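Below you will find one chain, with nothing else, as structure tokens; this is the form deposited in one PDB entry, and questions on how it binds or moves follow later.
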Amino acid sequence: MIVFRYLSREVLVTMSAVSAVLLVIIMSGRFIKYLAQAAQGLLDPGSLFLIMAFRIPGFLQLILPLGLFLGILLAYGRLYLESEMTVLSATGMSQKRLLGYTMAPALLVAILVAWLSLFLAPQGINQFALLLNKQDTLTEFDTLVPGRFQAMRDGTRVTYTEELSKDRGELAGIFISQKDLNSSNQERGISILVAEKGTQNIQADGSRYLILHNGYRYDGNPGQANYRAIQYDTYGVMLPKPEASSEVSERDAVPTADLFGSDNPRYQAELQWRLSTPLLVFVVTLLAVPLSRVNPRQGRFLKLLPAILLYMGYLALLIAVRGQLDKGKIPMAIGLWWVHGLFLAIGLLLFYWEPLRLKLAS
């Protein structure tokens, strides 16, 4: 029992330190990507603070299992290097007993990760998406110079402006037209008009009531003998906020109570993914114990990089299977469970290597 408390307190502290370092690194890595979009001027650089505070629960869901993996590796390597475990196995301690001792601090991490992945990360992601949609769309429309006009990616909103204005009054004039004719093969595909109007009548989050009293439609399909030119009023330009749809998805914010009963493959793959990190904790704990046996020449800082690579590959396989399963390609009976089975098997063949060799030695 004394050994149990000693091992648990030696593992938990190292896990905590490694998790803190990993969290700092991941937060910095995400900041260096959000700051680029801030530099483009798309998003207010005063709200990057909250976004981090709302996204960190989503990072302490894939960081904690790796923190436990590295903590077990480092702690048991330290105990192995100082002959602290040689005198523990020379008084009677099966490696099964060591696994039993290690599985108790892993239970706390599994409980914490299950809570964070089933009841906290969805709430945080929902709040982050809500507050990014609410008031961060004020910078959706940015104008640099009259030389750089507006060419929206929708393929229907392209126009011209003269010298811009801070008050948004001097950038009048409009040459709006859908203009998807190429060789002028269609008539309804252009809404060309001549305008000196286009006042920035922003009512909603960028939505504009830019009705133009100046405009002459040129509907007549060019390249033909049909000249059709009438008066044109305007083409409504409402600006929505597509930032949220580019980075996150609706699935990650659905409460767990809304996935227990459903027929949508995405809403069920999400449930299968959320219940995968508690098993991640136990699988990496099982993998960690046989790996931690090190020699004085190897040191404890040797198999850390392969451990990180293996964990990243495990997560990548989980995500790929989820993304090829929510499409219905894989029937939702095997699920993600075969990935867990594969990694459990490769951990079991590693925990039972020395006993297998001894048995094969007859």
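Residue numbers count along the first chain shown, from 1. In this text, the rigid core denotes the largest set of C-alpha atoms whose superposition between the two forms falls within 1.5 Å. Residues that one form lacks are left out of the comparison. Compared with the form deposited in another entry:
Of the residues checked (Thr256, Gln268, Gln178, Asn126), the rigid-core alignment between these two forms shows a Cα shift of at least 2 Å for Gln178 alone.
Once both forms are fitted on their core, a CA shift of 2 Å or more is seen for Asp154 between these two forms. Annotation for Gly198: C-alpha shift of 2 angstroms or more between these two forms, rigid core superposed. Comparing the forms between these two forms, the C-alpha position of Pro240 differs by 2 angstroms or more, with the core used for superposition. Comparing the conformations between these two forms, with the rigid core held fixed, yields the displaced runs 135 to 139, 142 to 243, each spanning 3+ consecutive residues whose C-alpha shift is 2 Å or more.
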Contents of the next structure:
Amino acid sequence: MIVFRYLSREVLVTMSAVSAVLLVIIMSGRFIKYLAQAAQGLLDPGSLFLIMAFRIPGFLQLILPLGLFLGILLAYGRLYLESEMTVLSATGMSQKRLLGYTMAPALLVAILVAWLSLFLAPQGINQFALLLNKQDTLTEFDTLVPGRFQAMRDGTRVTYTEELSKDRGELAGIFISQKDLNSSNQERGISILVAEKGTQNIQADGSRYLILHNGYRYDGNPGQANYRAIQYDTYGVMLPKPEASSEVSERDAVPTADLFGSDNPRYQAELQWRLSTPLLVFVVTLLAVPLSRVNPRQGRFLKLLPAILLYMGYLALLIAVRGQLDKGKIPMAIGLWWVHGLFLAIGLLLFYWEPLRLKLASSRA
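Right, the form deposited in one PDB entry is done, so what does the form deposited in another entry look like?
All you get below is the one chain by itself.
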């Protein structure tokens, strides 16, 4: 009961330090991405310490399992190098007992990760989306440049104005090409709403509010002779910020209570994804105890980068399987539990390698 709270203190302290460093690095990378986007002109520099503040729970929920993995590796490597566990084993301590000692901090980490996954990351993502969409820090239409075109997604929508003025009114021409990605063969969905005057307005009720002062709308695809001419005024079209919708979807912000009774495959796949991040905690706890056996020649730091690569592969495989799930291909009965079982089996292979070798040698003689 003394070794228990000795190992559980070492592991927790090392995990805290590693998690802090990893969080700093990940936040820095996301900040370089958002700063480059703001440099391009599609963001408000003032609204940058809330975008990063509302994304911390997701980074923490993705980092804490890796923090525990590396903390277990470092702490138990230190104990192995200092001849401190050879005297625990030479007095009676098993390796299943070591696993049982290690599974106590893993429970606290799993509880923290489960809370972050099921009740705090959805709220943070919801608030982040609320800000970036509703509060319209500055829309892309407030960054127009005369003579230069502007596009979105796969060039599906290209907005351009010939004249740019401080009053933002009576613009020479609004060349907008709102194209449907799929609208069947006969109609390509590509339409041009060009007006003699640019009617930029308050843009408050429906986010970016845009209407044509005079109106000249054509739905005729250039390939065929079918021309759809609407020379009347074009009705108000509501433009959302592509950045907010591109990275954050509705599935990442719905409350967890709405996923239990849902039938939409996306919601069920998201629920299965949420109840997995606590599970990597136990999986990597089982994967880490056998791997932390080191020699003074190897040291603690030799197998940290391979562990990071293994964890990243785990996460990538989980994300890919979730995509194949909510796309309707993989049946929802099996889910991501087969990936979880694959990595659990890898961990069990690592754990029982030495007992298997000893039992094989015993029967050989």
